[PDB]
Amino acid sequence: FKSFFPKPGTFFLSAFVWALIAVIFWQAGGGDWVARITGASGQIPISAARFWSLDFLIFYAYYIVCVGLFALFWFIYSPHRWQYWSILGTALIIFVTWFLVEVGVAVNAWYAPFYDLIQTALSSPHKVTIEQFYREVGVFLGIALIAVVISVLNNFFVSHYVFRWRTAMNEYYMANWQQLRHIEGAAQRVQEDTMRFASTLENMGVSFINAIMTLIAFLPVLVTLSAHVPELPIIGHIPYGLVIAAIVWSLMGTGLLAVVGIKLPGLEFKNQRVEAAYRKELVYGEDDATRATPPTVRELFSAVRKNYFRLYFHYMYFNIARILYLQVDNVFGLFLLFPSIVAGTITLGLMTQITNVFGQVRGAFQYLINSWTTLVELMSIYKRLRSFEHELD
Amino acid sequence: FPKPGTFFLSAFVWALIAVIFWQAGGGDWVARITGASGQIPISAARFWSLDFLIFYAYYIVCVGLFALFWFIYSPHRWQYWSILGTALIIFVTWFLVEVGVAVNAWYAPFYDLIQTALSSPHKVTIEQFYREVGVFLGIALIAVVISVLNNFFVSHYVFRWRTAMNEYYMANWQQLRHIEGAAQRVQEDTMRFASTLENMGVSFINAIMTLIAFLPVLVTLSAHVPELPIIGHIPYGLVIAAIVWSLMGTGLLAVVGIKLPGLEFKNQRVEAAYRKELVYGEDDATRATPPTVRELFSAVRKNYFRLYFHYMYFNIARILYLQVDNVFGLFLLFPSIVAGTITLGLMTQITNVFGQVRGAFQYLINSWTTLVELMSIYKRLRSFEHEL
Amino acid sequence: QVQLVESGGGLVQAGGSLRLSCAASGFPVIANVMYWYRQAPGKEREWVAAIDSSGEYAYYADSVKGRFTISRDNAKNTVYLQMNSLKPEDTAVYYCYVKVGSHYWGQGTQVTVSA
Amino acid sequence: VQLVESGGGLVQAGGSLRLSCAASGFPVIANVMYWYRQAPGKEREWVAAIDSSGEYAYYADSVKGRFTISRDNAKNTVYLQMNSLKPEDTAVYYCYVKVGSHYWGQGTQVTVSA
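Chains B, A, C and D, in that order, are what the protein sequence lines are. Per the deposited numbering, residue 2 is the first one in the first sequence, and the count goes up by one each step. Per the deposited numbering, residue 6 is the first one in the second sequence, and the count goes up by one each step. Per the deposited numbering, residue 7 is the first one in the third sequence, and the count goes up by one each step. Per the deposited numbering, residue 8 is the first one in the fourth sequence, and the count goes up by one each step.
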């Protein structure tokens, strides 16, 4: 952290404070003054002309200004070698993640008129000419193409950024090689754990930020779509029933998976430990010629076997929970809309848009849990690096 | 695995013979002598009744004959895990494919009902919407159960593989201790090889089964799509266009990504050289000289930057293909939507078939993520055992 | 059981306002959500508005948002629909719907609007 | 292209009939001919479609296996032989082509009484 970023304990807290201040100045009483003096209107299109409209251009300028002020403050406070990759690069990565979230929002918004047109066409044969079906696709290819470009550039920057992190660590570690040569495993912390830590931490930060942005972006969409769903099944009418039910279902699924999966990281760590002990005994037997006796290896492999079998048994409960949640899903977004379908309050486009919102929020949570899967590995790498650097400090 | 070179070839020959016999007069003859009709339901009640029961019995009989032949030919200690266990894994993969087929078939009446309900308000009572869901859950629960059992058995099966060769390597430890890195090859590479090979075999078999299962479903759905958008009428146009699009995407990805495995291998080579120099510098003073480490890390820099550049082209191809495939299924159906030949249910079923077939073709490309690792692990194990 | 009588006939000039009623008789409807539908001449029935039991929450169709105002009075067991400036498109027959065990459709009322 | 359809009439239940779509304008040999029907007081429905050559015929899921559509590309006509007429198979039958623009023909009233 100290090798790549500026003073990190202050750095991340100041970044969060500045982000909160900027959000409170923008998404509140004073973020519309720029549009008032510029003439940004507010009726953004549904095609790919949103991303260079006056509102989006104004937001881009505001983000550039805020990041410039933050970067200037951190450049004058304490200059750093990698200050153009840790401060500006991270800001660019966050902005591109937000831009991809907004591209997804644009596609979700486009799903409504397209499926309204599909319903109109299927209502009566040859009521809708095929040309009106091409233009709609001509709209989607306008948006998706942008998501084709930026994302490709994003994966290009992130990787490079990640590699710089390694350099920032590596150029430090090999700068103290003489004072840090004696520590066991030094040949692996500098080589492998460096890239592993950098890549995993960067990916996890992106995952967390992406999930937060997806929720923030798709809560208002669900709130404004809930005006067409005046009755949930069984329970009847509930104020803001659609968004409340979606949030409750998502957090209930995540909490259920967490509760059934609290012992899984512990069992994973236990089996890793016993397998490491097996490897250590094998290493001793490599040259001692009397250590890896049949009784010792038999006992060690029995321990490995039972510690794997326990994990295989608990993952069965976790799989039951996860698969049941994923199969009850995909018919839950429609389950909430069944009374609206019956009563004819929503069209095909609104139904598809709501289902897409639910699916994208669920996918964000699943990607977050995918990160939580390798949380154990990242914690192991960080503890290894901290122990490795501890004696030198 | 008794004599794997002969074992796998004999398994494939027996599978081909059994498939040929079943997809012939024998398959209909069993139903005729049994009293089965091609009236397979759409609920979960299709996973029993004579139409599926006769196939279950036929699979049991054929696998039993194969297992008896291989038990009498050359007994092996893990014959109840390598012969019967693999057969069970293959059967469960086929069963999950058939569950997916059942769900795809259920998508048609459900969305026909949805279209009917949306046509006029309060034309379809809400009870008719519960029963349809009451059907889907009936299928889904089975996919919930079997899969959970599958991920169990597979796992145990994989571990048995690790035990098997670990009962052999450590049985020759005295004459195999001298090899460099034997600890890693006995402890670490064993799980990696077993798990990777089993996962790749399962993915390949699953892709083949998905294609075999969803080609007839897409052929019988092509009677309602009489005209493709631009090229006009083409006989069996829907299935031909889907196959061509899927294989064209797979070929584009596998042509833009021919140099990716080579660049990856170069990356592992330079990283290994870096780690080897660090190891030599561990218990030394003249090694890890700053010139040497600087040159090695410059090589690492270049070899990672080349891969980062080529993956940009590969990612352009992959992302563009995915974005276009997000709407290609509907693009192929636009004239049918306009002319009113298909309903909402048929359109959704066709889109689902397209997605599943795309996943089937995509398994082959997705295996290339760890194909390099599996090949390296097998090379390491072969070199390790060869010196014995 | 529950019978819905709808007053407030139409035959009004374009660009005006009109109040529609759904006086309900029979079983109490204090704890139900009442819908207002419309049927265009030679077309299918369309959703127009929906009102909760308390009357606090009102939902409107995407084509009549900001012009129609649905309110509830749980003293005469009635739901009212106030219609602001009316386009010629709003020339239909308005129905009132409430589900109490079974569906309940009221008799339609002409709201004929001439441009 | 002006599609003139002359196959209408009154047929009792469980009978057979033949409908024609004799064209008169631009020659339609490279076009897929469509046969639609409109039920009394309902929306138009797809019934059949035939390729350029009378080889590939597509039928609606409700009239599959009963109606038979064929081509006669020497008189520029498409024929629909409809048999096993259920009482629900009463409608006005239309013939459709697309030659630059959509061309519909005057419908023939097919009536069946149970």
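Worth flagging that the hints you see were computed from the coordinates, not collected in a lab. One or more hints might be untrue.
[Claimed, not checked] List time: in silico BS3-like cross-link candidates among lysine-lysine, alpha-carbon distance up to 27 Å:
#	chain 1	residue 1	chain 2	residue 2
1	A	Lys271	A	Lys307
2	B	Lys307	B	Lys264
3	B	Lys281	A	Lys307
4	A	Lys8	C	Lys49
5	A	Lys271	A	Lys128
6	D	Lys82	B	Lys128
7	C	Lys49	C	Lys105
8	A	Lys128	D	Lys49
9	A	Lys384	B	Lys128
10	D	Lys105	D	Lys82
[What the hints assert, rightly or not] Sample of chain B residues facing chain C (criterion: CB under 7 Å; computed from the structure):
#	residue
11	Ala29
12	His238
13	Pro240
14	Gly242
15	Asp288
16	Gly350
17	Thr353
[What the hints assert, rightly or not] Pair by pair, the computed Cβ-Cβ distance ranges are:
#	chain 1	residue 1	chain 2	residue 2	range
18	B	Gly256	A	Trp34	37 to 43 Å
19	B	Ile38	C	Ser120	29 to 35 Å
20	B	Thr375	A	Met317	22 to 28 Å
Yeah, the Cβ is synthetic: ideal placement off N, Cα and C, and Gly gets one too.
Structure-based check of all given hints:
no.: 1; hint: A:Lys271 x A:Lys307; in the structure: holds, 10 Å
no.: 2; hint: B:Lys307 x B:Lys264; in the structure: holds, 16 Å
no.: 3; hint: B:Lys281 x A:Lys307; in the structure: violated, 35 Å
no.: 4; hint: A:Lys8 x C:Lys49; in the structure: violated, 74 Å
no.: 5; hint: A:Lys271 x A:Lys128; in the structure: violated, 65 Å
no.: 6; hint: D:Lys82 x B:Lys128; in the structure: violated, 30 Å
no.: 7; hint: C:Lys49 x C:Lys105; in the structure: holds, 23 Å
no.: 8; hint: A:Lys128 x D:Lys49; in the structure: holds, 15 Å
no.: 9; hint: A:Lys384 x B:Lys128; in the structure: violated, 63 Å
no.: 10; hint: D:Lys105 x D:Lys82; in the structure: holds, 18 Å
no.: 11; hint: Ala29; in the structure: violated, 25 Å
no.: 12; hint: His238; in the structure: holds, 5 Å
no.: 13; hint: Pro240; in the structure: holds, 6 Å
no.: 14; hint: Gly242; in the structure: violated, 10 Å
no.: 15; hint: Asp288; in the structure: violated, 78 Å
no.: 16; hint: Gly350; in the structure: violated, 10 Å
no.: 17; hint: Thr353; in the structure: violated, 15 Å
no.: 18; hint: B:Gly256 x A:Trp34: 37 to 43 Å; in the structure: violated, 54 Å
no.: 19; hint: B:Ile38 x C:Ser120: 29 to 35 Å; in the structure: violated, 46 Å
no.: 20; hint: B:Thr375 x A:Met317: 22 to 28 Å; in the structure: holds, 25 Å
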